[PDB]
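Form deposited in one PDB entry, single chain, as structure tokens, below.
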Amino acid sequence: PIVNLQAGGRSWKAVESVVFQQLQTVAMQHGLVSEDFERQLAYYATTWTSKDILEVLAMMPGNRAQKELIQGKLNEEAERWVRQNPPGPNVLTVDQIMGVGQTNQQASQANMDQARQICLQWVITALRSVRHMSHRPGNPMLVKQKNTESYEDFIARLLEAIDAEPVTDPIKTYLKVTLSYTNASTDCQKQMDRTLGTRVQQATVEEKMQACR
């Protein structure tokens, strides 16, 4: 974590042992590629140096292969960054962004603020990508209410499946509303279909949600 000195100079601080242990238990119960770890790491890594965004991630508990997969995806982000940003006189280098050969004080500098911001972004994209590798194709379509599962529970699973997929907002909204009625059990889809006629199939996320419960 960068510390802003009262003099205005900037020095470094070891990650607060409270925050580190906080992220670890969220990477030990949910996983280091799980969204819960991704959400907590991004909020607390705002002050983290490019050096502390990589070292802490490595220390976090996870399967050895997953760290290979994450650094593998992370290397994919770096090569992409070099291609999108051609070598330039003051342009950052993958090493500068990956905190290579920098003392913590030099990696906590303002010039490494862009570097720390760029680094954290690559890790989140890789984890979303490592997470996508776990997801099989068409998870939402396969999900249904087997054994007449609670309409609430079924919608929770369907929401997880759309959230799993990286489809963009305009298409994320299409899927949630469309799949909820289609994959619903005949008992409540049928009663709602008569209850709200065409409209229930029209909009299903909220109006259909309250009716089935």
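In this text, the rigid core denotes the largest set of C-alpha atoms whose superposition between the two forms falls within 1.5 Å. Numbering follows the first chain given and starts at 1. What changes on going to the form deposited in another entry:
Core-based superposition between these two forms leaves all of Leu54, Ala161, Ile70, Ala45 but one with CA shifts under 2 Å; the exception is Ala161. When two forms of a protein are overlaid on their rigid core, residues whose CA moves 2 Å or more are considered shifted, and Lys172 is one of them between these two forms. Comparing the forms between these two forms on their rigid core, the Cα displacement of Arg80 stays under 2 Å.
Annotation: Cα of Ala27 displaced by less than 2 Å between these two forms, core superposition.
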Second form
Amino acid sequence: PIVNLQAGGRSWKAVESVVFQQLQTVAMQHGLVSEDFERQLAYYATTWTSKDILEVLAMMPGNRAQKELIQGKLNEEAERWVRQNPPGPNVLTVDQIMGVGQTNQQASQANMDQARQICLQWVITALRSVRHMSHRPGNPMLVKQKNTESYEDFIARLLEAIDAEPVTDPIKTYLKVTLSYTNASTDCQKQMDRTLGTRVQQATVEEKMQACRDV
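Given the form deposited in one PDB entry above, produce the structure of the same protein in the form deposited in another entry.
If you are looking for partners or other molecules, they are not here, because only the chain is given.
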């Protein structure tokens, strides 16, 4: 965490243990790629020196398979940057954006504030990219209600997947309304046939979750 000194200097303070205990808890249960982890990182990532944004992503417990796909995506993002930006004095080298060469204090210095933004942007871009592919959220069309699961659950998984897929929001909407009836368990579908009637694939989630989860 970059610390702005009273003199206006920038100093490096280690990420407080409490912050990791929050990110890690979300990481192990919801998943490292999981939207939940991405939001958490962003809330606290504003003041994090590039070096930390990478180290903290590494200190996260478990999610080893994900930390593999991500590490690859980050490398690909770096390749795009080196290709997009030919080496130049103003241009920041991939290492500077990674911050690997710099010491913690050097990363905190004002010159690398642009670098921190780029590193966070790659990490967040990478986390999102892995999520649509790793399928910890999953592929929506495939997600279907387990007989044991409540329609509230099927919706939770379906909403995650419909959100994860990189598709325009209009289409997400259609997917939420149409897929909820199609992939749902037959018993909810039957109950929705009795209540929703034709609107079964035209109704909103609010109308539907009330229909099967209630009664």
